[PDB]
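Listed next as structure tokens is one chain, alone, in the form solved in complex with its partner chain.
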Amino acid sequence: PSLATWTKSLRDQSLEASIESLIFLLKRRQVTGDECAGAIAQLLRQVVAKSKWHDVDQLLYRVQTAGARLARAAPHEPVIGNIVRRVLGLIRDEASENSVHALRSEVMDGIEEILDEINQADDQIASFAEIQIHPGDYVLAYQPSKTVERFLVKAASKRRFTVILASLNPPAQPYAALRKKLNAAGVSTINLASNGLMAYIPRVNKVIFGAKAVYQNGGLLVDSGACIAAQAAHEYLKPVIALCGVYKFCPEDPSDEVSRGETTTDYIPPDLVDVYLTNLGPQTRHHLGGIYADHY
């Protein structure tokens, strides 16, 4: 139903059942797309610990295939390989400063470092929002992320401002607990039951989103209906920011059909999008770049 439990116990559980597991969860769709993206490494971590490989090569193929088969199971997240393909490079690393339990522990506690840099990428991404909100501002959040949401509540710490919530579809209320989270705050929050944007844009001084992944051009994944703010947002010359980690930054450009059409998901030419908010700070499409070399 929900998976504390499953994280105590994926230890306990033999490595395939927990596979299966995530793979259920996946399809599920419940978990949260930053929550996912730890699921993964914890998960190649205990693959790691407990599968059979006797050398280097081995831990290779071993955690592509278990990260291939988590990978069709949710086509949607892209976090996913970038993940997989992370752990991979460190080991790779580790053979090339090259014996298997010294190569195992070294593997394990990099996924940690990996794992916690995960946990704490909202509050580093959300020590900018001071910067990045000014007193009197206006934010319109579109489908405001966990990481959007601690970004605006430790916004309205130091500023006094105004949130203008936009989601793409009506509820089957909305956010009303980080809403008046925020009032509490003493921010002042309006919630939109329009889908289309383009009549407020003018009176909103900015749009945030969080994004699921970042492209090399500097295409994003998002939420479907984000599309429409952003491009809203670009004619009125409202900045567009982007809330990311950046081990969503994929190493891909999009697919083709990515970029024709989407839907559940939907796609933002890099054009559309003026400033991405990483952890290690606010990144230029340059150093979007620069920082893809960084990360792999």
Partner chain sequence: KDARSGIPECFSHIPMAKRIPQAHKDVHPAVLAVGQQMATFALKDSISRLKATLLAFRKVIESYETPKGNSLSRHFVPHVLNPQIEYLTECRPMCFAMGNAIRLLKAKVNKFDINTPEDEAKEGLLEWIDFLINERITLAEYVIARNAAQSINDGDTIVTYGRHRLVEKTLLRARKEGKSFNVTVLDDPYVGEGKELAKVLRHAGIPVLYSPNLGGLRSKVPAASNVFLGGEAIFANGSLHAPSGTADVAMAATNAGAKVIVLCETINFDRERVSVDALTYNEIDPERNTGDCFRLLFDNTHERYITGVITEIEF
Contents of the next structure:
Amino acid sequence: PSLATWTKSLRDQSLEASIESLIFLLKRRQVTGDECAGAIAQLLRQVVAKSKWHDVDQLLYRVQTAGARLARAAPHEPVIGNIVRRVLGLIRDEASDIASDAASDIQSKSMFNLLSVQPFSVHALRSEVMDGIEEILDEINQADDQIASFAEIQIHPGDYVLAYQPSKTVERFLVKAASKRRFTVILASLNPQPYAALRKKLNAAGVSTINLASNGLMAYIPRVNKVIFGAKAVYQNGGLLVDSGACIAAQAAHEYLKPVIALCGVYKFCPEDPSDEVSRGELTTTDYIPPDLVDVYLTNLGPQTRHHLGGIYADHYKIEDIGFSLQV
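Form solved in complex with its partner chain already given; the form deposited without its partner chain follows:
One chain, no partners, no other molecules: that is all that follows.
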């Protein structure tokens, strides 16, 4: 019924009931975007905790199967797959004291041993994985603030900043910047007053706000200093998944030498190349921005260029967990 209600039935509901409730939320689309990322992490944590497995191989299978089901419910949401792969990667990492000693190792692996009083080895790994998943959850929750901590670096006094259909991440970024900078924000949407709350918050902070006519976006871009977008996803090639019409704004910015900045947390980094459907823009209307149109990827780790992306992907993903689509 609600994500909040779903969250606290989690620990005293059956695993299958929790998975099915979340599936229900995803399909009715009550749960959307980045709060979806956290929901996946919490459900996967419960899978690690409550499902039956004795070896990492069966733990990996469990997580992947549950992840596949969740992904299926909301195919439009690519962050779900990212969280699943991050959890799969975490499991492999921790899988690699009592285990090094032959005596204790043998004792721990036995289901009928006085250490199993589920063999000990399973329990120790289970505990460590659940902890790591909590960390992933904290990484997800803190991403917007971490991205916003670089705002003073990105925005300078007197800047004219064009924000195209700002998301929550962009809002937190602009509001934070307002605390340390005096500048102007231009809110433009090609899809047609809007963003009254955001504007009210910005104005109180000392930031001027401009509303642009739909027709004028192309005429007015030469004025602005920089263009900022929230990315729904990032791809290995440096392409982005964005709101519809963003690609047009990106090109205009590029045409007039205006830096294009994409706000994206690493959890939104998809370890694939963009599907042809995405390139077509077919993938709730989204557009695709090719890497040539993007100047900066601003992440929780800081601003990055396309050349920096390979390192980031390698740091967070395992080759075994990528290169295939989750499927039940």
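Between two forms, the rigid core is the largest collection of C-alphas that superpose within 1.5 Å. Residue numbers count along the first chain shown, from 1.
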Aligning on the rigid core, do we see the C-alpha of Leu10 shift 2 angstroms or more between these two forms? yes
